[PDB]
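A protein chain is absent from this complex, but the other protein chains hold their places.
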């Protein structure tokens, strides 16, 4: 079973939650800051822009039977269109910005999206790729006020379908079943050798929100101190840890790429309360030099949500930077990462049999596997690997064996 | 048809209990939940969480439900919320009695709700027994703030340990579910307009909405969950109880003073670094034109609110200035009902104008009698069908007693011409 | 021939446009360019730089030049300077209309310059469209403080994106060149001498000189480029427009209040840590002898100035003392023209005293009609050559209508009998 949720999951569309969040924390004036450029967007800005963009996507002719995409590096305006999709319940495919033409065409062919948001920086590569895909009917630039040789930008586009009197306080996000409407088709190159694009329900999101909100697990930090986002937005881990920052209204500062120093510079200079990084930036933290040459006395909380090596690099950092024991992930998935760490709310776990397939009780070995709403609703257009991944009734086979750690210790230890 | 702001927090649908429960469970880590400014006694959130749950199961197994009514009679006292929230879990209605009623008054009071069980204080117990000797329907008393029973009078601890054991776990307990709009949360007595002791009925929904207002960052007090607010207004009365209760869903260290007398208020706000206060207008005037109230360091003060008979004659401006505060806003007409609605219309609250000669539903900038409609409005008086149809009319409108006019679509606030 | 102080900063030779341009470019880094004390809207210097440059090329490609005259009708508003400065680049004259005119008055005004394009505010647009329905020559209106168009009315953003594109770089833009003394910068209408609608003409030179004055550390606001000054005086009007405009060449964070009324001025001056205020005498009296105006913390104030018929003996002294200020010194001369000349004889300003009867030049300490000569002076009235020759005489001297004298060679300052 695993922990009882502290903040009850928001029933409705994740769109609707995010919407409400933006509206509440409109007062925040430092929504996102580009650590590099120093560009800054306010919550109120994302709010207006996302609403405008929603009525726009609609009147232009899009719905749930379509798929939209965004291909951009880690960038301030990214959330405008993303969030707009979530209002309308249009599915959003996120493309990694650095695919080679080769890889990328492979990707877009999975979801096959009719509209594509993208970055200034990524625009040429997108035009180059779009000339190979008859279905990619329109591209829109997200981070420009002016159009780029005939390519439209979110501003112009939006002013086509919305006017001077538009009031996002007066907008309503479309309503639907948040468990059967797709939010994201994020493609993943993990198992086998196929690209295969994974499907994320809205419920997976509002549950991920529950987790960001919970004060024993997710980041318990002041709704107006600055958290750093570094993880790739196009990728599941980075998109969700980032996106969950809004229901709780945090000043996000954000870095384009994990590499080098400057991680340091950045984290000192903005008074960063919490960071959420993958384990390479953990090693750079633990056993890298002159990383106390910058004042990092700002750091309240640290998280890891990918492939975390032993509890020793973890202690190296917990100690170096004076932290409340950095605790985190073990088992994280292709899907919404992290579940069962230091089981989680809305996630149930079982131990059955290598041989029978019947659920055991306590202190008994057998293959450990998961069931949750937060789990992928399967893959896209591939009925094969859908029924391949999660079994006869919603259990996702992990491929390890171990046991129920008893009633009085409902935690996870696994034998093989 | 003035609608009033769109809610920034969607109202929690379920039992008001359930939300409070959830709140407590979430902020269990908070250890300085309520402090008795006087004794220096302290309860933690997690303690209230446990106690309220144990007491919920106790009351249940003891055999009570929606068809009964419980009461609590206590002065402002840390343990007050113990039984109250437990009631809200089970959906037993709670009648709150004022501790300083005279026997005369009190009997009248209890005869409205006629509660079978009565929590009380320790210094209020004599009086409660003295009274119970006149009311056959009052089968049990329980003391809320004692560890031992008191000459046969049970106390909350003994009572709870009767039905629960050491391994009891509030994380595994569940508050009853019901329709939060048709379940009475509270029966708070008030003798208004006529002077008769009539008892007001409050839905759970009325509460969950009041929580929505408190969460709201333009209206309700926007300050960090784990900084200290002072609530002093009397808990048995709606203003003090709802403002107090609403502190929980947002997890604030409350400090609480038993009585508004002179200073010491000063003393406390200094000594506990009080971020926000919420007071009635007597301590407002005391704030503004009483001297050497800048002899204590009150520079902790982020937010100030007032919610009864607000002295519009700019005492408010004087305090806003004296204590360098983000301008004190509050008042703008409250009620017998859940106080405070339409401050500096509020979410889930709409107001109209109609005209006192026909009763239509007037449009912009036009006078006529102003009155409110809301889920948050009182569900009526109790075993009295008379003054119910009199307070709120044919379709959910409650006549307030002023004329004003709708300040246009483009200024959706309220100005009213004569009071 | 009292000459008046030697300038400390040599007047910039070129177009006033070019100077404002360079200013914007230099202080582009300033991120708190203008703040709407009311709303809390803020524009950055670089934003004005881009907006104004784009607007300049826009105005040019749209087909305008010096032979037209443009207008602006707006209340005190962050975006006011957008179009204005753009005109100055192109050397198109700008007529400023007071935003509170009656249709009655406003048309009278507009008929002086007869402008073909009109920028205006969100707030001013109803009244303006109403007015353009009476004037054949008013071909186009554009809104300055909106991102989207307003029922068929274009806005500056849209207008600008018609003629410039994404790759436009204002660092590569260059302001038109002309002689800054024969090119009109501004046509500000004024009701002086007679109740008749006469429009005053200001050359670029007058502005580049006004900039000379604001930079001067004995006279103009001597405070660090990146401290916050308050502009409250009406932008459509000369005193307010120029005190405001002169701030950019010295790069000051401007906070701006739409209206003088109430304690909101006090609040503002506190909440933004305001170094200098420059006010007309009503908020001067409100300053010295108004109550509980120390109930707000005004300890931020280094300098105070006044420039609208200054004589408040000794109200000025009452505030100088009230607000621990380096003694507020100012006024002592203001006009139809660029207000403020001879304050506490100014650079590039000469004053003489002559004879009420002959009109021949006096020497020291001697009575007779006092009057001025300066490049900063009005180049005359607009379509009225009658009152041009009436105001400034045969050889550039402009008669004030007072008498007095030279406070000597050894004290080249002005007292008048």
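Miscellaneous remarks
Note that the chains take the letters A, B and C in the order they are written out, and that residue 1 is the start of every chain.
FYI, a residue touches a chain if its C-beta (ideal position, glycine included) is under 8 Å from a C-beta of that chain, and two chains touch if they have at least 3 such contacts.
Of the listed positions C:13, C:282, C:327 or C:363, the one in contact with the omitted chain in the full complex is C:13.
Of the listed positions A:63, A:293, A:364 or A:406, the one in contact with the omitted chain in the full complex is A:293. Residues touching the missing chain, restricted to subunit C, are 6, 8-10, 13, 22, 25-27, 29, 171-172, 216-217, 224-225 (touch as defined at the top).
Just so it is clear, only the chains that are shown with their structure count from here on.
Ranked by how close its mean Cα position lies to the mean of all protein Cα atoms, the top chain is A. The distance from the centre of subunit A to the centre of subunit B, each centre being the mean of the chain's C-alpha atoms, comes to 40 Å.
With centres taken as mean Cα positions, subunit C sits 57 Å from subunit B. Centroid to centroid, with C-alpha atoms defining each point, subunit A and subunit C lie 53 Å apart.
Annotation for subunit A: no residues touch 2 or more other chains.
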